[PDB]
Structures are given as C-alpha cells and as structure tokens.
2 protein chains.
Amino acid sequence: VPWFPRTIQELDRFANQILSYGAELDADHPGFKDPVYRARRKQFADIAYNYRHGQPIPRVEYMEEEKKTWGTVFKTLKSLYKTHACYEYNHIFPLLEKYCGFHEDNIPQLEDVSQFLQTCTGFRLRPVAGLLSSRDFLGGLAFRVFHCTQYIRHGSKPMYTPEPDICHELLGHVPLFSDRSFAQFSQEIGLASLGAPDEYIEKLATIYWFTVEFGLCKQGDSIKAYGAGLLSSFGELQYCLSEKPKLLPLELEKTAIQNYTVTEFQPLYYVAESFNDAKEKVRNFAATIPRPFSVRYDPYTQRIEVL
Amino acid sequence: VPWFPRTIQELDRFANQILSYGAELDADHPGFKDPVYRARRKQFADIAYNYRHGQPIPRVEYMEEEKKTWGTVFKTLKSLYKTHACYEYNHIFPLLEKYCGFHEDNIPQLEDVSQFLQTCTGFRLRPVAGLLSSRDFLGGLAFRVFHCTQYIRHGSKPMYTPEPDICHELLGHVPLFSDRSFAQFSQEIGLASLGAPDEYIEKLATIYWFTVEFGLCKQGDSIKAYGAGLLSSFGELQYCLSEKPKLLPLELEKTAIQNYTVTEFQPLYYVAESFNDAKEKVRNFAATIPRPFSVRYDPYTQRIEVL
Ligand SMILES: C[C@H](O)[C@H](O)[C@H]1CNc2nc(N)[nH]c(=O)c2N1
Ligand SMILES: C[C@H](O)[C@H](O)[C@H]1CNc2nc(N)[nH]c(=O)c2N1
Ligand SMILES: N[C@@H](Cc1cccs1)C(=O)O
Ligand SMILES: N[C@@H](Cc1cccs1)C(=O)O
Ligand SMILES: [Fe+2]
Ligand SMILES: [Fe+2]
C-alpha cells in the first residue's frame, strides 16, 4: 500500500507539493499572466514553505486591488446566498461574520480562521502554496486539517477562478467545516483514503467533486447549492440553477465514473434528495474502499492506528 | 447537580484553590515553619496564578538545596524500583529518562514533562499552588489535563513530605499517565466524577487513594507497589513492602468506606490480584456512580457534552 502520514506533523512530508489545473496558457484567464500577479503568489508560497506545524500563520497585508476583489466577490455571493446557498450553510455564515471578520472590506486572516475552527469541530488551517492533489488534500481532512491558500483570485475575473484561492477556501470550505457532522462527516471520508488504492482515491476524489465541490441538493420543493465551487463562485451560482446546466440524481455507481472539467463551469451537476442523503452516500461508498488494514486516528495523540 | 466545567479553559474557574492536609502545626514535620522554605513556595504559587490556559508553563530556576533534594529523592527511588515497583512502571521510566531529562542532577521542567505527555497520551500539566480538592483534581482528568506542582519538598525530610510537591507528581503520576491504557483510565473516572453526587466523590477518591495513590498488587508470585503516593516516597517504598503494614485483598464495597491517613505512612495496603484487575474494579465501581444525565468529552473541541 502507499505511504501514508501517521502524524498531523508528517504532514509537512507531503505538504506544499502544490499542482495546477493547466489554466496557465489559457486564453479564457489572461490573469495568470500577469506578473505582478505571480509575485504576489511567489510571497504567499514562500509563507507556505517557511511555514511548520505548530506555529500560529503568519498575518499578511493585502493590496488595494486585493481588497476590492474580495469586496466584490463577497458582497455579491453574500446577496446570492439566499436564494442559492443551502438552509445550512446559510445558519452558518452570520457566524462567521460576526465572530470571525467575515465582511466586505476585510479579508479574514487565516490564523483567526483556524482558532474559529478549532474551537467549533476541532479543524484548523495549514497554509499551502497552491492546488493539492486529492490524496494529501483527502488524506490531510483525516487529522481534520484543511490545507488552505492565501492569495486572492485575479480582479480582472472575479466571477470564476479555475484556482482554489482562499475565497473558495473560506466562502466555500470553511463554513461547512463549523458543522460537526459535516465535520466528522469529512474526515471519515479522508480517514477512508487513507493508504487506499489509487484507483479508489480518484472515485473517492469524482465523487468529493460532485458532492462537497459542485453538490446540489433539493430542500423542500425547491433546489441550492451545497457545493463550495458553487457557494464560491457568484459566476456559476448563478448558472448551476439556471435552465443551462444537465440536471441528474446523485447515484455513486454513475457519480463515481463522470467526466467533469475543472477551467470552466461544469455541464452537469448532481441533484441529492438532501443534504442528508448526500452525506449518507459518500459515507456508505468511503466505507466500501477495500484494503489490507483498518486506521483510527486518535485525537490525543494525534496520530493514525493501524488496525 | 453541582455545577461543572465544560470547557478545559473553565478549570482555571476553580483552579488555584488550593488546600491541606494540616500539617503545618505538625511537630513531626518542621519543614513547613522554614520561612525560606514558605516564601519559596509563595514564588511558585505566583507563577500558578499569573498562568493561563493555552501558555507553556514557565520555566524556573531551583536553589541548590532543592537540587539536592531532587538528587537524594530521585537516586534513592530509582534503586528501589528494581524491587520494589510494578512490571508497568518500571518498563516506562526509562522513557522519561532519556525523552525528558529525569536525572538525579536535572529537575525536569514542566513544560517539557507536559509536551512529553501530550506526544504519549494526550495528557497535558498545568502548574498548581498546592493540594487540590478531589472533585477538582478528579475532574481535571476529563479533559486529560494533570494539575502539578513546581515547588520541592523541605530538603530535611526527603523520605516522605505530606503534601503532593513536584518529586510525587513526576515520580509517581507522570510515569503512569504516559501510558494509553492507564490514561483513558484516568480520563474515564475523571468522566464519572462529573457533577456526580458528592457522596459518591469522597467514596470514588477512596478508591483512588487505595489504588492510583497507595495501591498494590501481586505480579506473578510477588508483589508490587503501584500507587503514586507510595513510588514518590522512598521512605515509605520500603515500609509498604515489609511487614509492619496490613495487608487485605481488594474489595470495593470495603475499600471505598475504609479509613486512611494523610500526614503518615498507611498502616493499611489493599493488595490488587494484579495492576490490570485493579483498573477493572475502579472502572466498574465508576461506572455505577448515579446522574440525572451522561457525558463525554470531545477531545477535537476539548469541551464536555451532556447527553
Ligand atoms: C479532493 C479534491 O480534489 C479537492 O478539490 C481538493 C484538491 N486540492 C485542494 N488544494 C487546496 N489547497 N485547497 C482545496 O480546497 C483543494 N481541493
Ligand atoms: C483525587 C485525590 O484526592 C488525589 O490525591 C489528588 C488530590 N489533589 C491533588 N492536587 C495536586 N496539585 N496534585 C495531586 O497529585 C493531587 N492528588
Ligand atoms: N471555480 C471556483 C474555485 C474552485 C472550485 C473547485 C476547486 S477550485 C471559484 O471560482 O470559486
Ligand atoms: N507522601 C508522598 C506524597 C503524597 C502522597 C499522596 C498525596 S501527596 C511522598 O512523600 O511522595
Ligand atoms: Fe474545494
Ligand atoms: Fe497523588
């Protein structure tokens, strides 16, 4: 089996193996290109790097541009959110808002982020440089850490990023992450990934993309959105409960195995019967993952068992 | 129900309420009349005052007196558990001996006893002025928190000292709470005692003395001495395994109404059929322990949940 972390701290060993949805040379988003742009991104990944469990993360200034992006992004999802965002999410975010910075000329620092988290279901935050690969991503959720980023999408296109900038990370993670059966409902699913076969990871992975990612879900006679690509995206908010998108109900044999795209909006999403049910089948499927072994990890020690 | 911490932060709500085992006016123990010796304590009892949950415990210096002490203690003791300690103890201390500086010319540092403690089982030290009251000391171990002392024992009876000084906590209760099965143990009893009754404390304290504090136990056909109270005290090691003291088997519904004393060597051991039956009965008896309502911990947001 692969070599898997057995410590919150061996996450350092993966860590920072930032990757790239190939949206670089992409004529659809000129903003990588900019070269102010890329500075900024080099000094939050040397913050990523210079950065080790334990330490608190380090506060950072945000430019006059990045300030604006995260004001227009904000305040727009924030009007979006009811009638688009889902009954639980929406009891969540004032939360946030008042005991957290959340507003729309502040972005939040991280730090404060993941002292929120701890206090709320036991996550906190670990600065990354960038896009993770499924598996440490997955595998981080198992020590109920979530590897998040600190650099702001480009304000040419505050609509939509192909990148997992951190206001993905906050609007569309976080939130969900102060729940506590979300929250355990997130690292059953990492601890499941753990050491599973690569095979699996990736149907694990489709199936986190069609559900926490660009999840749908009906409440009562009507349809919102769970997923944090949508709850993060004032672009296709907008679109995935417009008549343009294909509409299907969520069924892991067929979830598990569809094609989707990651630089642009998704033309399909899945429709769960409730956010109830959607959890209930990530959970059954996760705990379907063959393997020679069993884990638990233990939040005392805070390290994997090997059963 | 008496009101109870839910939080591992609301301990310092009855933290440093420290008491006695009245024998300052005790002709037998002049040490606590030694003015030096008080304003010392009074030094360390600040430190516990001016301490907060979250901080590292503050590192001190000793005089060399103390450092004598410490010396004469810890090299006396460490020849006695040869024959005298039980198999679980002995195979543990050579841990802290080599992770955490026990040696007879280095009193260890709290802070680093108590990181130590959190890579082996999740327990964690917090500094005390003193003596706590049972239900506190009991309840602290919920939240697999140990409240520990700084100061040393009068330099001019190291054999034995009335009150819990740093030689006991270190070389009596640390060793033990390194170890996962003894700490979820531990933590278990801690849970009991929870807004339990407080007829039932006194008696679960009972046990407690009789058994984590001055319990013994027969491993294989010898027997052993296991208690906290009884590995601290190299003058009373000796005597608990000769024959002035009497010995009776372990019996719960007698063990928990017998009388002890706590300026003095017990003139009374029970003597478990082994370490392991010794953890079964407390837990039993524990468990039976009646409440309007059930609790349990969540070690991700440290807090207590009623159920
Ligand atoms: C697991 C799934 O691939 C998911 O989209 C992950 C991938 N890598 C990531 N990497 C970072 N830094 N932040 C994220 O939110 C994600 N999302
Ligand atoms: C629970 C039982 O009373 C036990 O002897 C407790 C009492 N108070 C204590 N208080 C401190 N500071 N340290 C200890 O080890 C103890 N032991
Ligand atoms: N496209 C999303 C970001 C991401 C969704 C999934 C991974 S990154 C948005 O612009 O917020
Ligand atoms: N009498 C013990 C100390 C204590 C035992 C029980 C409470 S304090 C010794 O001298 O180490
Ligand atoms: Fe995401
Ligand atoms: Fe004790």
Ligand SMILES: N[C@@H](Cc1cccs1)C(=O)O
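Positions refer to the first chain, counted from 1. Take the two forms, superpose them, and find the largest set of C-alpha atoms that agree within 1.5 Å; that set is the rigid core. What changes on going to the form solved without the ligand:
- Core-superposed comparison between these two forms: the C-alpha position of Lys224 differs by no less than 2 Å.
- For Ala286, the Cα coordinates differ by 2 angstroms or more between these two forms after the core has been superposed.
- With the core held fixed, the Cα of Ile18 is displaced between these two forms by 2 Å or more.
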Contents of the next structure:
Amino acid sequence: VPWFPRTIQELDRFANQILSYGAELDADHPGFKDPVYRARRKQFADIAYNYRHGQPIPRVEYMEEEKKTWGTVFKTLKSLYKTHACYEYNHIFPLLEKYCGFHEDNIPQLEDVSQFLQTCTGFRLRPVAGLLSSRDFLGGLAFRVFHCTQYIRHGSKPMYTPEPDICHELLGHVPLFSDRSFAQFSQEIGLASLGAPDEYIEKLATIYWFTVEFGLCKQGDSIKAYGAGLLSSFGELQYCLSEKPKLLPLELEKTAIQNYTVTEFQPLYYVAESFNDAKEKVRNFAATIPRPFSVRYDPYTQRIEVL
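Output the form solved without the ligand next; the form solved in complex with the ligand has already been displayed.
Excluded here are partners and other molecules; the one chain stands alone.
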C-alpha cells in the first residue's frame, strides 16, 4: 500500500517530489529564449519550495508586463462566462471581483484567494512549483487543498499556455472550488486516491480530466461548462457547447478508461447530471478500488481517519 498523508501538514512532503525540470526549459516554450522570464519562474518556484502548511502564501508584486498578459486573458474570457459557464461560476464571479481583486488590471494574490475559498468551503490553496505526480496532486484534494501555480504564462502568447499558470488556476479552477457541491465532489476524488494502486490512480486522473478539467454539466434543460480547462480556454469554451463535439453521459466505468490528448480540442466530453450525482458516482467507483481499508476526512482535526 503506497504511503499517503494522514494529516494536512503531511502534504509538506510533496514539495520535495516534483519534476525539477519544468516546461519553461523546453525549446518550444513561449519564454524559452527569455532569461528574465526564466529567473521569474525560478523565483516563483522557490516560493512554493519554501512554503509550509499553515503559513500565509507570500504576496508578490507582479510587473506591468505580467498584469497586461493577465488583462488580455481576463478580458477575452470573461465575455463568454455569462452564456457558457455554469450557474455556480457566474454566481461567485461577482464576489471574486469585489473581494479578491479580480480585474483586468490586477492579478489576485493567492493569499486573498485562499482566505476567500476557506470562507466558502474550507478549500485552501498552496503554491506549487511545478507538475506534481497524479497521486500527490489528487491526494491534496482529500484535505480540500488545491496545489496552485503562482507564475504566469509568457507575455508573447497571452492566449496560449502549454501548462497550468495563474490565469488558468484563478479563472478556471477557483470559481468552482467556491461551491459546496463541487468542493465535496472534487474531495471525493481525492479521498478515492489515498493509498490506491498506481493503476487506479491513473484511472482517477482520467476521471478528473473529464470532470474537473473538461467537464460539462446539465443545468435545467441546458448544458454548461464547469471544467477548468474549458473555462480558461477562449476557443474550446465556445467549441464545447457547439454541435461539433460529441457528448456522452458521465459513466465512470467508461470515462475512467477513455483516452485523450492535451494538444487539441476534445472531440468528446462527458456530461454530469450534477455535482452531487458525480460525487456519488465517484464514491461508488472508489469502492471498486483495491484498498485494504476505508478512509474519511475529519475537518475538525484535519486528519484522515483510516478504518
């Protein structure tokens, strides 16, 4: 049985376990030839590397160049939310704009966003240097902890990023983590991953992809997007609700083994009846995972109870 954190503080062991050679080092990366960008990324990586549970997330003064990139992404995407984003998203966005500083001329500080999420569902953020294993990233969700990037994409291509960056985290993920039902749903995924075999972790990663990242949900007699990858993608967000993509009901037995690529728009999306239904489906799927025990999270003591 693979090791897993029993306390929220134990998530600290995750920092010393990431891909040390990030994407910013790749020749095809938008900022590859930018030494200033290289150092800025390293600066953000060090903040995450030195962060420890409990401490407030270090505030950072973003440069004008970075705020411009943010403004571009903010302005373009926001024009689609009212008609394409699920109710949960639109209901909370006005609140984020007023209490977290969500504006095109300002990049929200993770500390303020984390406090806001805590007040909403107890979800909190932890700055992350780079890509974590699926096991570690999903494990955090069990404690309602989202490993969040703080750096921003390179300014040369504001409408594109080969990795998650702050625009993605804040405009795509955060709004949904402010919803109780979604919070419980995402947490159910995290709980299912604790001590799960590597093979089932990959299955949960795939389920996560078709829900938290590119999921669509029913809303009355309509269908709306709730996936963070869709909500942070101007092109795919409009595409996902057109007649081009194929839509199928969310079915974990099938979804969990569905292949996909992160290079182009998804040809297929899974539609969740609701966040509560999706959560129940995850719970049922979790029961099929070979684990010599059962897990539960106790928010009172922030510990995982192993039975």
